[PDB]
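Letter by letter, the chains look like this.
There are 4 protein chains.
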Amino acid sequence: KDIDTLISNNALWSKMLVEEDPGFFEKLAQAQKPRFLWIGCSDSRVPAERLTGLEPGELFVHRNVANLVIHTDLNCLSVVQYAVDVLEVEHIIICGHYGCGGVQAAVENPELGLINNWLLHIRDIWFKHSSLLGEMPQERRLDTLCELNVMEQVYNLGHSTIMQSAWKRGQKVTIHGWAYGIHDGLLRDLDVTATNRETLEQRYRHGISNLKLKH
Amino acid sequence: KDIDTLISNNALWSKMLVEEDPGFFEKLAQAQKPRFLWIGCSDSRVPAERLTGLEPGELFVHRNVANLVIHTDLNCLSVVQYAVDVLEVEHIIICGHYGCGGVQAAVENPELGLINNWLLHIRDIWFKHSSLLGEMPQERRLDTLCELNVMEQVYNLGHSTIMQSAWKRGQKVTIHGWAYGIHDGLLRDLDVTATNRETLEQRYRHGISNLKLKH
Amino acid sequence: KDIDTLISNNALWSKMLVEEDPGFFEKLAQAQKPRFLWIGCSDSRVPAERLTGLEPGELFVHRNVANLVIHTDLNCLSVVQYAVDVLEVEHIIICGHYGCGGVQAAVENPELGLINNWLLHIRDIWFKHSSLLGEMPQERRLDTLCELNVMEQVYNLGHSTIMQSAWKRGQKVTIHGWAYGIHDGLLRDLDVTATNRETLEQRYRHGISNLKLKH
Amino acid sequence: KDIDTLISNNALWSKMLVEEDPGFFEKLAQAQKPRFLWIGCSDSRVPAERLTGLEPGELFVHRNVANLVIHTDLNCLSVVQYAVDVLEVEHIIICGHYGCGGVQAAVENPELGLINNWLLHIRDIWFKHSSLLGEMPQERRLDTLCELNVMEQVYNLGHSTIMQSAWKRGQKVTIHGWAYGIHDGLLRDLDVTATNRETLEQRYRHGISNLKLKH
Ligand SMILES: [Zn+2]
Ligand SMILES: [Zn+2]
Ligand SMILES: [Zn+2]
Ligand SMILES: [Zn+2]
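Chains as they are written, first to last, in the numbering used here: chain X, 6 to 220; chain P, 6 to 220; chain B, 6 to 220; chain C, 6 to 220.
Any given hint might turn out to be false.
Below 30 Å or equal to it, Euclidean Cα-Cα: the simulated DSS-like pairs (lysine-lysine) are [to be verified]:
(1) P:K133 x B:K20
(2) X:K133 x X:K219
(3) C:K20 x B:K219
(4) B:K177 x X:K173
(5) C:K217 x B:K38
(6) P:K133 x X:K6
(7) P:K173 x C:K177
(8) C:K6 x X:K219
(9) C:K177 x X:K217
(10) B:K133 x P:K133
(11) B:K20 x B:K32
(12) B:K32 x B:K177
(13) B:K32 x C:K173
(14) C:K173 x B:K6
(15) C:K20 x X:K133
(16) X:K177 x B:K173
Think of the hints as simulated: they come from the structure by calculation, not from any bench.
Take the sequences, apply the hints, and build the full model.
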């Protein structure tokens, strides 16, 4: 697959929509405000459209390395704020994945250059849950660190002024923390779903509980 | 489409892969370093996998509002640096789209809150090409502003220390500026493709030329 | 001057305040909300307290390389927002300086590494005012580029959602663009002072006018 | 103190340098690369020149709200990188202060708007040292949280790719964590001084030890 290839395939794909689905065109222009925001990893091993079944333009998308929501990341925050305040998305989904190359680089910690700074946000979390991970077998640790990372970005997100003020306003917005692996492509809801500031706290704690309970 | 729905569809989608394509699983785990980085808009009216035909994990993805590459955006830059220096992607693609909601909000300029700051980076460009746009008909202006925005983010990207140092190192990396609309889903190469620092300049100018030539 | 030196001098400085000015202590604790925000360059060849005469804690301070106010710089913006919305500063001052090492590095353009990305925000401005600079003698260009940079950060600042919403709210806040050199330490008001959205535009244009008028 | 006032005082201050210190001018132009970087709080209750005794232009300065060094803060990082790689500063100093308005707002947690996001980086630390603070009296907690914040930004800073790569290169750079209050203006070295990656770890731990030892 080189460039002339994708250009060629595009043209033909576009022609053949006429016989497969012309309305694919017309579903998009009518309406189409998306109802969901998806925050994912740039690894994007499986595309959210395919995972979920959603048509495109029911979705609004942010993808950074390891699907982080840093407190002061104006890029990601700008996506969220537009999504919540302007497109009035009903749900937001942070999806991680087992085998995440950036979760991995945080842990193994090679000298990769500029990215290592971004990954320090992951090592912070790994530290934060040291004890928890200590009490479980090493085989299960990396993947648990994926689940913890999602869960923490869910926590971060509900703490943003954007979400705080939206919930207090009476806007109906729910946050989710999912993960999947490429062994099956099967979603695992991490149980951190947050419909307000109270449930954000409860369910943050609940889910950390269930990792510290099961292990 | 509510949440229980996507969870349900996911499970069934995942089961049915066994009969449609079990290898979908095994193509991913072997290898799979992606060869392409895609920078797009969070609007994501058409997913890059579908536009292009690429399998997932031939792609690495960044999506922000109006597919900007701001000089000092550590989020987007962190994606690029990992992509170029660590995954050694061969190509990078910045894809815009006609009807881009954020290109639109820059122009019409409503009070949307936090996002307006991000969109100031677009109004800067619109100003920069005032004369050029002045010499063409108003019907063609918004869409031309999409093309200009892509083209400028291509210019920005080749100016990043990351790209500058990669090209000087002898790494083989090419930048593209595409756009598409949902009228047909058909890609338009904007002709700004840059294989080094010399071609970045030539083709930046070349493409601005062809807008100022055709109009 | 090594470390033991500053620690030693500090102790003695602190003791000797008793005889020079004990109230220096008590002016600070009462009140002291500052009335001015100062955005400067990290070069800080002359400290704002000394330039201006202000007591400390009449001032609130941000210093980055070449005193930029980037649209999406959450650090600088966070300073401004707290200053304007919480401390209710009455004035904000962006001060540049002739001989600014970072204005210089933008122009001469050496490979310095990470910083070069930040300085691209300066080369953008230098481009924006190419014609203007072209019509004047080269001897006067670098220093004029300092004045232009200040002036543009003043323009940027009044365009921030923070300032836009503050002015529309009825809050009384004025923006200034100053510069000085170390030949005399003498301030030059660049005439871009902005008490609202209307005066921001007028005086942006006014001052660019006077550079394009005088030259 | 209004604007005409500072302009007037400036002019007169500048004239009167001739009789107080004309060389103040000529010390600056010769050389003057600074040997120290100072990272402080925008509160800037006491200016570093006065605290320390340093002449201006022995210093290079960054001031944000509560003197944070966030992993992904390109503004602050850009200052550090230029300072360390280009000006070859020998020392870097992070100075906090007791009574810090932003440390305070993190704790009390009022709805101040945009700034609250920046302050989440402080509440993270406060959490991180919950136990430690729990074992001491409440009267001593806020001020201890200042010391912890400095100490953590010192830790963050030595973890930046910039510092990591500089130390490994053989560059001679030392990090300090100081604090002061306006009761006396007296510096307290927090004992986190780091001359390399090994001493960064030792002394991070050492200093946390001495808070957990003394209390
Ligand atoms: Zn990943
Ligand atoms: Zn768009
Ligand atoms: Zn400077
Ligand atoms: Zn403070």
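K177 of chain B and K173 of chain X: Cα distance at most 30 Å? Cα-Cα ~29 Å, so holds.
Check the hint pairing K133 of chain B with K133 of chain P against an upper bound of 30 Å on the C-alpha distance. holds, 7 Å
Given the hint that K20 of chain B pairs with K32 of chain B, does the C-alpha gap stay at or below 30 Å? holds, 17 Å
Proposed proximity, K177 of chain B with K32 of chain B (alpha carbon, max 30 Å): With Cα atoms ~25 Å apart, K32 of chain B and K177 of chain B stay inside 30 Å; holds.
Does the structure keep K217 of chain C and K38 of chain B at a Cα separation of 30 Å or less? violated, 34 Å
Given the hinted pair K133 of chain P and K6 of chain X, is their alpha-carbon gap at most 30 Å? violated, 36 Å
Would the hint linking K177 of chain X and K173 of chain B be met if the CA-CA limit is 30 Å? holds, 29 Å
Is the straight-line distance between the alpha-carbon of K133 of chain P and that of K20 of chain B 30 Å or less? violated, 57 Å
Between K177 of chain C and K217 of chain X, is the straight-line Cα distance small enough, at 30 Å or below? violated, 44 Å
Does the alpha-carbon distance linking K173 of chain C and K6 of chain B stay inside the 30 Å limit? holds, 26 Å
Verify the proposed pairing of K133 of chain X with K219 of chain X, using a straight-line Cα cut of 30 Å. It holds: about 19 Å lies between the C-alpha atoms, which stays within 30 Å.
Can you confirm whether the C-alpha distance between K20 of chain C and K219 of chain B stays at or below 30 Å? holds, 27 Å
Hints 1, 5, 6, 8, 9, 13 and 15 from the earlier list are contradicted by this structure; the remaining hints agree with it.
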